[PDB]
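Engineer: Given next are the chains, with one letter for each unit.
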Amino acid sequence: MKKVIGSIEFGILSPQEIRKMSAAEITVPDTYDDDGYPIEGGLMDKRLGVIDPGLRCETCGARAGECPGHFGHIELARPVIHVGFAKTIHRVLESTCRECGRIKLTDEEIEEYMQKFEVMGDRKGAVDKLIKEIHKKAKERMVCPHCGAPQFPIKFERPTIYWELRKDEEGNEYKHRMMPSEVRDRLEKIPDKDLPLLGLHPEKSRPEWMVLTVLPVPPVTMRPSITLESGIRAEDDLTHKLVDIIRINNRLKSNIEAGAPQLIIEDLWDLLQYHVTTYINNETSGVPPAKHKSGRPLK
Amino acid sequence: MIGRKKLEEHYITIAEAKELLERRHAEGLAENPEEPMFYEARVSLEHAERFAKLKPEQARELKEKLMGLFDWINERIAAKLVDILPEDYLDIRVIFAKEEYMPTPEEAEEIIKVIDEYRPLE
Amino acid sequence: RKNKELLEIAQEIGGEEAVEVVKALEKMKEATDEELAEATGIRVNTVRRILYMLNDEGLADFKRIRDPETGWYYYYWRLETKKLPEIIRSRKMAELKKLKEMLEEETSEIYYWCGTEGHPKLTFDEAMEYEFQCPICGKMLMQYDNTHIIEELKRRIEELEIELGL
Amino acid sequence: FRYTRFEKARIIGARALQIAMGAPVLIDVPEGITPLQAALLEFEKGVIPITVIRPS
Amino acid sequence: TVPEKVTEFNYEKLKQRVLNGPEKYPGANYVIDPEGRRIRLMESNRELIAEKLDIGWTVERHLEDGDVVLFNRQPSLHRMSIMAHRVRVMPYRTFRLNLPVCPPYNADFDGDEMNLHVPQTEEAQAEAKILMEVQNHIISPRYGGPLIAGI
Amino acid sequence: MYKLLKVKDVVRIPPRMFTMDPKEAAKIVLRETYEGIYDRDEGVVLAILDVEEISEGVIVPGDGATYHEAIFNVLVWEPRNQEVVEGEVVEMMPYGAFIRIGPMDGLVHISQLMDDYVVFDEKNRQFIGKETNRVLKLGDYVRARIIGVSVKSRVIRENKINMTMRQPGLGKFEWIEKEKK
Amino acid sequence: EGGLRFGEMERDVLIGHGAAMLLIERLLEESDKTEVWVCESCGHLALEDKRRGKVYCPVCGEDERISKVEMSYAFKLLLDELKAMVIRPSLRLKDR
Amino acid sequence: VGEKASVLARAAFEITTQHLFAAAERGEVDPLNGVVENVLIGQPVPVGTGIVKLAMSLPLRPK
Ligand SMILES: [Mg+2]
Ligand SMILES: [Zn+2]
Ligand SMILES: [Zn+2]
Ligand SMILES: [Zn+2]
Ligand SMILES: [Zn+2]
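Residue numbers (PDB author numbering), protein chains in the order written: chain U, 4 to 302; chain B, 1 to 122; chain C, 4 to 169; chain D, 2 to 57; chain R, 354 to 504; chain V, 1 to 181; chain S, 1027 to 1122; chain G, 327 to 389.
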């Protein structure tokens, strides 16, 4: 009965949520096809949004004029690091100890920093000083209080690749590459009590959700197809790059599951990492802008 | 949810409820749209006419009396007994068949003795 | 025992082909996929598909080695088996939770059935939609149904949960 | 009880909108007058029943 | 035009307005039934609309002497550049502005153009006349002295 | 079985009845919002008994009407699971029988009536048992037990109740009496 | 058929007077206003269904009281852009 | 303008925001009560007339 907007609480979408708020799994990498009867089973109106003079939708009829678009999802075969959180992921990874889940601080030290969190609960500027001191103090240590210190290697960064200068033979310092699956399985161990001691929340923003497992698809209404002269359908940038995602995705599942020449997995993995980075931000750093065959960069 | 909060609820027998509907029926009686009671309300009235085994006031007296007979007889179960009007031990069996506790023949007869009054004699 | 249970789960996924894969890597302690294929006689593609599943369950490890003459990489696999009695639980905890959820559903649920050798056990929601005839075969719909197995499935799962409820 | 300028404007504004949708008018007779001008004469006689809840 | 929402005391006036049609000066352009569909008074007849009007409707009459209207010079530097005025209607094609109100707009008269917008909803209209009218702004908030005065 | 509810809600009183004491006034407005509606938690709201107390009015920017916090009494009907009810057979079908137990109807299928082989008399509208020659038709008084509730829509005509009588002491009242010896 | 615009400077002048009511009418109401049904304990925009005539939010199934919320069509599209990324814009409404 | 306000009160200032904007996505709220947030959403601003609340008893015999 006619309420108004009280507040807004930002956070991070969880994989669990994305599956219920999705209307259908997009699977057919194609656009319209062609000049008559434009109805497919993947990215276009598969209970997603209506734009043509055909009334079909998700049971509600509701013609293209005044019809809020519905979201979709894509079940990604492998985990994928989100580029936007990269810098923060570094602060998490090299400040805690692996296998335990502790913040590499004794209980006593942990206990007293709690009292600086209620006295500062409104001023965003002066809390950033206090987070970084914990950050800086944890980075210069090697003695966890719950694994007996077994010599903790140091992490690397920049732009999205990670390493750890370990020892394995007698004194070597090879650079073992890091895979998103590896990283993800290491963050789910960090208990919920420790997230306030970092820069996170226990319910709204879990750290493990930063590694994209399901990509939500924008609706049809937000992806319009502009026409050039009078018969040409100059497809939308969003649509093309999404189509590009499914074309590499579809070969990906079929190429690892059947034959396994191992080499393909290395090349294919980083390309997907490369490709998703452009979808989030085409003007990213260190990433060749994936343009359409005309020279015009995709926005 | 009905409203913000539910603050109080009470269990009512079918016989006593008939009067409230009849009172509500007597209102409206407003003639301007004539205001007929809607279908499901009209249906409930007819159903109420046939199953009222007791007088409105004497049902209250038994309802209070059944609550004070045993601690394990709450208001809903006692109100249900007034709606069914059990005649002997067999009716008590089928009502309490799916319940937590099954009354023994001894403790049932104490209840029966209370229900031995008020019986319509018809 | 400790050797035995690690061989049983891979048999549940791959089979006898996967039992030899786990037997082969424990023998050599560092191996490529070609070295594991020759010791058992299985093709190297069939061997390697089994190892990607154990990689996905956190039970197989590998560190890349640069071939200095050809410039390529070939993997040296090892084992990491410090997660054994918990994945035995942490699968079977939520899988018995899935078996909890089914038994809790079976109380207030499916009551009808078609009288054929196929398509029984209809819900009451579908029942009123069908208007008491079958749309699959056409037989007259019958009633209260599967009462023995909802007693039997109640008596199949409750004793499996006492073992793992500890 | 003397109103502030902002409270005065609001009261008139609220009262005027009620006068459009029904809500009987007091003695405000002359000749054809807009709903706004109706609220002005009623307020000039101090008969507006709307009281300002003061936050204190 | 402004919507008026006929109630009971201006019923007589509005009946004449909608009957006058869209051409003469004291006329009307639209009529809005309680359902919300706007009916345009143009096409071929306006008699059958101006029958029993039935209170609760809404007529959009032309601007008459006395409706509140704002006025803007555009660039809106100080606070005083938008002020509410009272409409008076005369034949020709320029806005007539009284001379002492031409320090606050910082206007001259060699072709400078001004715009005027008309608020509609009854709460908004009332609010404009009580709080922004010219007479409440003879003294300027910048310094303690009069701003609207003799030139 | 019925229930009496004392619930406080918020009522929007239109200005069109602004010259009338709030208790009667809010009562009419509130009444055309709840009658005829199935609230999934509690059930069929039959009728508003009365309005006990109503608070002061508050105006909100934009609407122009007046919001009040009222207190009223409601009469509801809840068919909770496995609750024993009594009703009257008001409809005959070749596959079941609709039994009005109140504001709604309760369907009991022919396979859950009695411990006996029941056949449908085609020429008439009745069920006849094989072994016992007991016949059940229109207008009979029965006693049954709720076995399932299907709460779909808010419309009373779209939710359906499932019951059964296949227990000792159920069925037509005349059968029960003949079986007691 | 166009005149001049009401951009940056024209909002700040009306605020100075204190005309809240006049402001809203001028800058938004002369566009489209779309009414959407928000879930109370979830925060995610619900979903209709014609032919049956009912609302339904994703996580909680009909039991939870969903409420109407009136907002500018421009702002609804802005939420979607955040929603297309991994950001969740939970709209926590508050009573009259 | 660079210091603390609400998150939306820096969204329409110096578009670069994709490093500082994602910062707020980790544990933060917002109620309202600015000026530009309320004008973007359609609510009455808290200055001016908006800061007054009315109340009125409803017998009203006209007389
Ligand atoms: Mg000039
Ligand atoms: Zn739709
Ligand atoms: Zn440790
Ligand atoms: Zn069958
Ligand atoms: Zn919800």
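The hints are simulated quantities; they were obtained by calculation from the structure and are not laboratory data.
Ideal Cβ placement from N, Cα and C applies to all residues, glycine included.
One or more of the hints may lead you astray.
[As the list claims (entries may be wrong)] Straight-line C-alpha distance at most 27 Å; calculated DSSO-like pairs for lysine-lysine: (1) S:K1102 to B:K5; (2) S:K1102 to U:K244; (3) C:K7 to U:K158; (4) V:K152 to S:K1080; (5) D:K46 to G:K389; (6) B:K63 to B:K18; (7) C:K86 to C:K7; (8) G:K379 to B:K5; (9) S:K1080 to U:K127; (10) C:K86 to U:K192; (11) V:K172 to B:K18; (12) B:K98 to V:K8; (13) U:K178 to C:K86; (14) B:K53 to B:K113; (15) C:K100 to U:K196.
[Said to hold, decoys possible] Covered, in the sense of this in silico footprint (three residues per stretch, anywhere, with C-beta under 8 Å from a C-beta of chain V), are these stretches of chain D: (16) 4 to 10; (17) 21 to 27.
Engineer: Check whether the Cα positions of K86 of chain C and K7 of chain C lie no farther apart than 27 Å.
Structural biologist: 15 Å, holds
Engineer: What's the verdict on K1102 of chain S and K5 of chain B, does the C-alpha distance respect the 27 Å limit or exceed it?
Structural biologist: 32 Å, violated
Engineer: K1080 of chain S and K127 of chain U were given as a pair; does the straight-line alpha-carbon distance stay at or below 27 Å?
Structural biologist: 43 Å, violated
Engineer: Would you say the stretch 21 to 27 of chain D counts as covered by chain V, given the rule of at least 3 residues with C-beta under 8 Å?
Structural biologist: Per the Cβ count (4), the hint holds.
Engineer: Please work out if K46 of chain D and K389 of chain G have their alpha carbons no farther apart than 27 Å.
Structural biologist: 14 Å, holds
Engineer: Hint check: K152 of chain V vs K1080 of chain S, CA-CA at most 27 Å. Holds or violated?
Structural biologist: Holds: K152 of chain V and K1080 of chain S sit about 11 Å apart, inside 27 Å.
Engineer: What's the verdict on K63 of chain B and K18 of chain B, does the C-alpha distance respect the 27 Å limit or exceed it?
Structural biologist: 17 Å, holds
Engineer: With a cut-off of 27 Å on the C-alpha distance, tell me whether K7 of chain C and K158 of chain U pass.
Structural biologist: Cα-Cα ~37 Å, so violated.
Engineer: Using a Cβ cutoff of 8 Å, are there at least 3 residues of the stretch 4 to 10 of chain D near chain V, or does the coverage claim fail?
Structural biologist: It is violated, with 0 qualifying residues against the three required.
Engineer: Are the Cα positions of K100 of chain C and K196 of chain U separated by 27 Å at most?
Structural biologist: 25 Å, holds
Engineer: Would the pair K379 of chain G and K5 of chain B pass a check requiring their Cα atoms to be no farther apart than 27 Å?
Structural biologist: 26 Å, holds
Engineer: With a cut-off of 27 Å on the C-alpha distance, tell me whether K1102 of chain S and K244 of chain U pass.
Structural biologist: 24 Å, holds
Violation of the numbered hints given earlier is confined to hints 1, 3, 9, 12 and 16; the remaining hints are satisfied by the structure.
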